[PDB]
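Right after this comes subunit A.
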Amino acid sequence: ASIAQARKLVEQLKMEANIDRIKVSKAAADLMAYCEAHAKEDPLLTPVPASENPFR
Partner candidate 1 sequence: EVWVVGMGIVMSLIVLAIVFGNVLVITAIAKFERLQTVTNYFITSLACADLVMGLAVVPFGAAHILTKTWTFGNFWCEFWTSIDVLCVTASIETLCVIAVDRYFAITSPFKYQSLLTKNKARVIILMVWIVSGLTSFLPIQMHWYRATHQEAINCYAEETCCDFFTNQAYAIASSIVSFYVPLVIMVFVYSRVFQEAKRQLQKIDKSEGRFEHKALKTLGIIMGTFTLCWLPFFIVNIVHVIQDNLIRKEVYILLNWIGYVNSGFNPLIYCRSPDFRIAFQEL
Partner candidate 2 sequence: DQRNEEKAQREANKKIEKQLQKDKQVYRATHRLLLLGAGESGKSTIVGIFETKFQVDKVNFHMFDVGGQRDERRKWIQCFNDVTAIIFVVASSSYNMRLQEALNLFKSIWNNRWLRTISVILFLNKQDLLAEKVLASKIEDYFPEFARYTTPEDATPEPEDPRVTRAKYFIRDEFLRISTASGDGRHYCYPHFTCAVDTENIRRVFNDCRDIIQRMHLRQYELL
Partner candidate 3 sequence: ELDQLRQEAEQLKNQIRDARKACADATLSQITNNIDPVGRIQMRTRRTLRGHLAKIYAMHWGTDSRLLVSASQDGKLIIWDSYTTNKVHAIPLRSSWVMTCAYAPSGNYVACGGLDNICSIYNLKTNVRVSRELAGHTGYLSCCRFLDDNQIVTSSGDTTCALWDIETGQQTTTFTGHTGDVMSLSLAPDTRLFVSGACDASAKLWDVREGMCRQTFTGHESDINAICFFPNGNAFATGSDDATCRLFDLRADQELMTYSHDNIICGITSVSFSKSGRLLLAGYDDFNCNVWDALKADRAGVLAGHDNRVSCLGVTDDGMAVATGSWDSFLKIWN
């Protein structure tokens, strides 16, 4: 009952514990590299020409 629900959770946590983890440095480096690489086509960040904007 409650014991059964606990078993259901008891099994679940163990499964979510056997995973491979990567150092935060590599993830941060990848994130910043992607953000810097795709920072030249964002109209919000960089103002586009006035004639280009359909709303103008």
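As a convention for this text, contacts are C-beta pairs under 8 Å (C-beta built on N, C-alpha and C of every residue); 3 or more make two chains touch, one makes a residue touch a chain; residues count from 1.
Behind the choice of candidates: all candidates are chains of the complex that A comes from, given by their letters.
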item	value
Touching chain, any copy counted, for subunit A within the complex - options 1, 2 or 3	3
Residues of subunit A that touch candidate 3 when the two form their complex	2-3, 6-7, 9-10, 12-14, 16-17, 19, 21-25, 27-32, 34-35, 38-39, 41-45, 53-56
